[PDB]
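The chain below stands alone and is given as structure tokens, in the form solved without isopentyl pyrophosphate (IPR).
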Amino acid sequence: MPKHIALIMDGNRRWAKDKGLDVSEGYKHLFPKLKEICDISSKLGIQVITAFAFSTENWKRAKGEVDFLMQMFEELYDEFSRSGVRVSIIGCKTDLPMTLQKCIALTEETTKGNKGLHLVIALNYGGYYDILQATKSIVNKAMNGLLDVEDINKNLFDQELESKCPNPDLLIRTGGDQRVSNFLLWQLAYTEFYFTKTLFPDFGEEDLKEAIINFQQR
């Protein structure tokens, strides 16, 4: 049974587009579906989910679409505050609207004592970003006499990266593409990959169980 599942929640836009609906109709399934996935996963004993909600590259989408997502993301608090999930966000929080920053901070503060499933939401995150910010911190420490070049090792990076040990055992990507798309690059070094054509809004208990059984076959 995986302890840590990484989740690339792709296929929300296409789900709507395929039906001739506007993209908001797909995106509105994001937190409700993720919640469902968390509930099923905690019952199966899974301890951590890291879910990719907004990539550093997604700012390239249409302005209105980006603005819709950023407003929708403020539903974070209402969606997870009383779920018993411990919520953390990783990514560059200071690029986000201040109201979203406060919603995130509040959601983190209120759930930090919860001891069930730890949900990490990667929001304005990318692998490049994570490695770059960790590198800046390492350089800062070096320039302040706190470490030498020979002290630079994997464990130091695991201390400075936002996504931390234990690393994902399994990655699930919905929506049919077979890429990691600048998700948790460092952290996925030994993770088992599972790709399904099933679009995120259509991804249910049977789909998750199938991924896990595929994973349990080694």
Contents of the next structure:
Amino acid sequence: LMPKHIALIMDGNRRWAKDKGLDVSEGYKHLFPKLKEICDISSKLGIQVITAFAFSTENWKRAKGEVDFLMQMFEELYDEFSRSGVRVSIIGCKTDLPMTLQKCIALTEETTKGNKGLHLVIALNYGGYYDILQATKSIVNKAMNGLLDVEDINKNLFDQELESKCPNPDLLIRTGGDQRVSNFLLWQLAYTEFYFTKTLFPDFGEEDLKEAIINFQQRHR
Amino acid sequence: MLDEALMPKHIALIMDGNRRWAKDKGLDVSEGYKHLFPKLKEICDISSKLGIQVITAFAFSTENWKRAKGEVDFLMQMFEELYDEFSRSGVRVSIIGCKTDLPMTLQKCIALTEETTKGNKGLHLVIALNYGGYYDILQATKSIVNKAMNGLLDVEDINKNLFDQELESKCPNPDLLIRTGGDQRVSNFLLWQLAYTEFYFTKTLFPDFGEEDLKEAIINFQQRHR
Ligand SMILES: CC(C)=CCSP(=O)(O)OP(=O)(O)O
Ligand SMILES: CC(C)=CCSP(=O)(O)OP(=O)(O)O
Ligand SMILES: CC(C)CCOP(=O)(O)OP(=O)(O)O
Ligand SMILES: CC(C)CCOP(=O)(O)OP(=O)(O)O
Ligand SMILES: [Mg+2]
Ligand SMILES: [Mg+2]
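Switch from the form solved without isopentyl pyrophosphate (IPR), shown above, to the form solved in complex with isopentyl pyrophosphate (IPR) and output its structure.
Next comes the full complex, this chain leading.
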């Protein structure tokens, strides 16, 4: 039957544009509309959570023009999802983002927190290393103030401290043809089924998603 | 095509498909398992010839305790054969995972194999035995908490580089992960260490995995090298 939580690595947007002879920014403008479209399709099929990798903690090393474009563009989050019926959370280091963007994100989380349908977790300035490190520093802090012991440290305690919460992804889908997780949900993908496709994210449609879910259903866990 | 000068330095290996391979020939599950170490040993020899410096192979996970008591006890007793298999191989052998939850007899087989092969200057084989990714991260974290509370480090020293040194599987991390048996998951293997690792999944069952399948994986890896 249906995977309840799908993790999504949204790769291939720049290649999509360059191969078509478009400006790289054209690739990026399909990001949120496409993701929204996948949320609608996934919602009808009975999927409960999508966790989508939009910007990793390593993407600051991209060309300043592209980083600047992406950071302005990410402010369009509110228009795309405020009135969508999707419940939106952002994970990742929000305090590094421009303050306009931090406000925009907080507004989107606030306005959509009552929504009862699909939960979209957007990873923005996120990395798996980062997630495990903030968890660890929170666990150390508490041990230094006698709020927990060293024998209390277990899988469950970590699942509490991490930003991406249980239940973990059933299926991970990565577009763009690369076969890596690129510092996405490291701890959380321990038993996740991986599906890699050469299809670039702006080309990823309803049939591509169904092909992926059909592929997942055939696998014995 | 295989570029000798661009060999991955570290290959990780999920040795899956042993039970199915046996049952696909109607044999008993135990007969599949007996191929594990001889195959692994052959893969080391092949890999050594190519210039690969490290292999980390998943032999038994922290979840595999949930299996059939007879399968588990046969595995634990079979694992003691690592000394016979590897002590004269020329491979340097290390084990990662929770040694003290194993049968004491196997703990001593391990210690002797590590001691016996520690002077070997070629390929380094790391056998992950009663290991998991969660386990590695949790044990690193306990270690860091113990140091924190004994004044041995500050909470401010907690960064990626620190975690790299506390984890059992060390730098350099795997360039390439090979999983036999057709499943497309990492099954709680080297989670932190696989953050940028290229994944290669093959339907070939582990006991049928040969030099050609390995070379195919490496060529594959070299054509998607970023
Ligand atoms: C949206 C972001 C920052 C990354 C995924 S798309 P991309 O920028 O990596 O583009 P390409 O993979 O290079 O096609
Ligand atoms: C080497 C060990 C202990 C497990 C991997 S082989 P396996 O028992 O999982 O065999 P199957 O996946 O069931 O074919
Ligand atoms: C969509 C996303 C930010 C995750 C993929 O990120 P990336 O392509 O920038 O990192 P890689 O070069 O390792 O693939
Ligand atoms: C080789 C290995 C110990 C990992 C694969 O075996 P496993 O049964 O622990 O993991 P799976 O249940 O996903 O097959
Ligand atoms: Mg990319
Ligand atoms: Mg298996």
